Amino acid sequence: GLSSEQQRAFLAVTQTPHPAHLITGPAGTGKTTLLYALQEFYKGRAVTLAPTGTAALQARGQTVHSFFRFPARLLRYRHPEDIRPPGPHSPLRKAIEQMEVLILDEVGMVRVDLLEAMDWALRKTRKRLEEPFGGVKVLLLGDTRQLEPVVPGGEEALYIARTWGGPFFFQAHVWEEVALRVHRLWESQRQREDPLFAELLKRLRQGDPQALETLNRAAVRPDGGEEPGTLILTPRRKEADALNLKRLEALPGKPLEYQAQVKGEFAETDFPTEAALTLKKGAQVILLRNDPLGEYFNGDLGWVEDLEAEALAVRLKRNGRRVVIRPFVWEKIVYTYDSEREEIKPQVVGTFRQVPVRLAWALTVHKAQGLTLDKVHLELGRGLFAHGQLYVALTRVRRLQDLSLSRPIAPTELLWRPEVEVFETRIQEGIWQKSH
């Protein structure tokens, strides 16, 4: 039950021995219906992975980290302390040895070291060190147009620059050894539901600032954040925190504070949520960790239902289920540079223990990537600052009428990294071979 476009991609991927494929498109329904058909074709022979918990959920798969048991830190190139193959008699080894196809959804969000670690882990475990991905056929799916992968400052950023030249999946060295066949999906739900919105988005993908004129005329409405059912997006945390604080204080009900515990060196600017987190019953929240039991994910929206000492209950918007949340621990890692070898080494220097909850009447655009929302209002504040940030903000909703802006978007806020545009122009051909 695929469209003509989807069937062409389906056949191009399944009826060839070629082992490396990229199916790209502004992908929601349509990518997803194709993914499920690929999963049905392959059923036993394919493992589906994704870089984030919410993408893994939508892909009916698991996170890359949870499948390969990678640590939550920089994965140094083919490094035996970071990339460890499974034991001699483990179920993971059996699954990797018997794997025929790896489906990787939302590939645009996969940082280069993660893709390279998948390559090495598959090669080592399968004892096929001369073949990309150990001979596994890889099907990459997703839009090439996203926020850039997270790259912390300091020696980690320098390592990524020195080793790969940048953080994007197409900067992995594995592509120097295998050609990536490219299959485009052009159709989209938005082209049927809001042709104008889709046309504007296409021009903004192409970096045309003139499309901002029509977007601003259609969507600038400063009071749009005061309307019911409207999630507010901000570029920066300070303004989202202020909005969330105002809503929390107006909400009737008794507050309860959750106090984080910090050990060692952990600067407040790195805290993954508030150290003094005040909640009320009915508060709109977002969960900040993936449940190992798969009942909730980082990015799940919900409402507070129960508030108790070191434990709360959240009613999820996604499925209406109740989940019980308790504190999690995040680690602060610093890399020290050796200065006689290349040799940077990670060191955990602090920990932060807190319930994995953040208020969510307002979210950053960065936090909202990967969420599909009903109605959004972009409070621009001091302005958009990152590659793809405007595009991600606009595409959280289905129709242009579901969006409003606090002020006109300026041309300085339409940002695409040039090295990403270069890659895009090169995958127009239908096959791509990385140099060197």
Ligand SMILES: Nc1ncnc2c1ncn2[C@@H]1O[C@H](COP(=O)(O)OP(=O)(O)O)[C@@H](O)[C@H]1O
The other form holds:
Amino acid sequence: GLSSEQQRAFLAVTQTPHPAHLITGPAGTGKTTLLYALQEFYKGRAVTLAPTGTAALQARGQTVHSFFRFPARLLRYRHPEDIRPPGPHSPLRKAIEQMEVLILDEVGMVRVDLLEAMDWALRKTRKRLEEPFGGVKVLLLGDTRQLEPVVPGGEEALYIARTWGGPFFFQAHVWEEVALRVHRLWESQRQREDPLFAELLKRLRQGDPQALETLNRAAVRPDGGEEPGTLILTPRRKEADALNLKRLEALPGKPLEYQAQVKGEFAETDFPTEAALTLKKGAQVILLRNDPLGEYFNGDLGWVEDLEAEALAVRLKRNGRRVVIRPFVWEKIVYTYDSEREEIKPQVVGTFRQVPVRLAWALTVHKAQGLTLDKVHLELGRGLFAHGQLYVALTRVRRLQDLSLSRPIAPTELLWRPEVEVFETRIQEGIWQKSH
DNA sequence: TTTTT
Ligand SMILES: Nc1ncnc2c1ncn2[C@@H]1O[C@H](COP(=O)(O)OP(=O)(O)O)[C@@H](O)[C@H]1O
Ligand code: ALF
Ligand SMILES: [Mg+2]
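Could I see the form solved in complex with adenosine-5'-diphosphate next, after the form solved without adenosine-5'-diphosphate?
Below: every chain and molecule of the assembly, starting with the one above.
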């Protein structure tokens, strides 16, 4: 059963007709477990989404993009080219028209344009433009001290800056129309058997520099990444590639390389997986795209069973089933202000065809937000770059003995967004309503 | 840098 404070938030959300709620609290407080209780209460009437594939699977839902069929690009504000309602007889329209509750987990990683598109898509599909989210009761769960939304430095950043003032979900203009009720969780459930670890992460969350010095003196163990049962977390994908290639060297399978087809402008830093992707049987991998048939999803973990020319078999950890993987296509979209109109336009400039597979003995910290891991080693690589990155990497485990780091961390590496300090301040009053 | 399709 749930804890005292989780059940209090359960009743606060289900016993009132208010249409917008946020359940928020530190890492491991039980938000997604409370989400489980909400799914069973609501059962068929609620849709569960999340921004990332790993979080969606952790929430037992799907990604926001794949539910609304949003394209993987900047969703311009109420733009018909970007937010397209489903057809008159489509299965998705029936789902949107009948839906009564939308549950959105890991809302801290939902960018502001994504949240605004969900609002507008629901209003347009349900034919209710006057009501926020088209009259659906939205239940948001997440932590703004965890990872900030991903914002590439194109004209996207300028456009998000001009339209909303920043990238976070609480900067959406829909909060000018409806008040967001905030309910808070405080007790760590993940670190419940290790109360001094839980208190260390609390002080780390407040930015305590003695908690960092305590962490460094206790958790810095360079060889910790080679111990069995250990998931390695890195800030960057290229850093995970070099660590994965080391564990792959030790596998006795005969290797096979999967050669990507690249066309047009598509630079290597933008590749979702290596262009010369080499794999062996038994290798640990994560899948990067959703199956059109529904057998696997972006974020599924599993191991390689068979490797053939343009097809391989993967044994999924999620359900112990065997799925066959084929090449997918990724587009590279860029935005130009050309030339002196008052708008920017997206354009496809390159494509990347490759198996949607990547080795997963080491993952990015982004792909780990939401997970409880048995043992983690943080490889700092060339350093942290994202608000909340460090805190997510440290809060995945239940006990301090389950956590190691490749090097000590200086306090000058801690990042803080002032947008999150005003938000965290105002929502202590139990309410968030956006001004102006 | 990172995510989404
Ligand atoms: N009431 C509870 N009793 C026992 N274990 C719990 C409870 N709530 C959560 N957990 C466990 O604690 C861990 C973290 O909970 P989770 O819901 O994933 O927190 P969050 O979503 O805030 O990170 C998971 O292993 C979960 O199963
Ligand atoms: F939702 Al979390 F750690 F905050 F899984
Ligand atoms: Mg969670």
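Residue numbers count along the first chain shown, from 1. For clarity, a rigid core is taken as the largest C-alpha set superposing within 1.5 Å between two forms.
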Exercise. Considering only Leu363, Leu74, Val110, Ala117, which residue exhibits a C-alpha shift of no less than 2 Å between the two forms, with the rigid core used for superposition?
Worked result: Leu363
Problem set entry | Rigid core superposition, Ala161 Cα moves 2 angstroms or more between the two forms | no
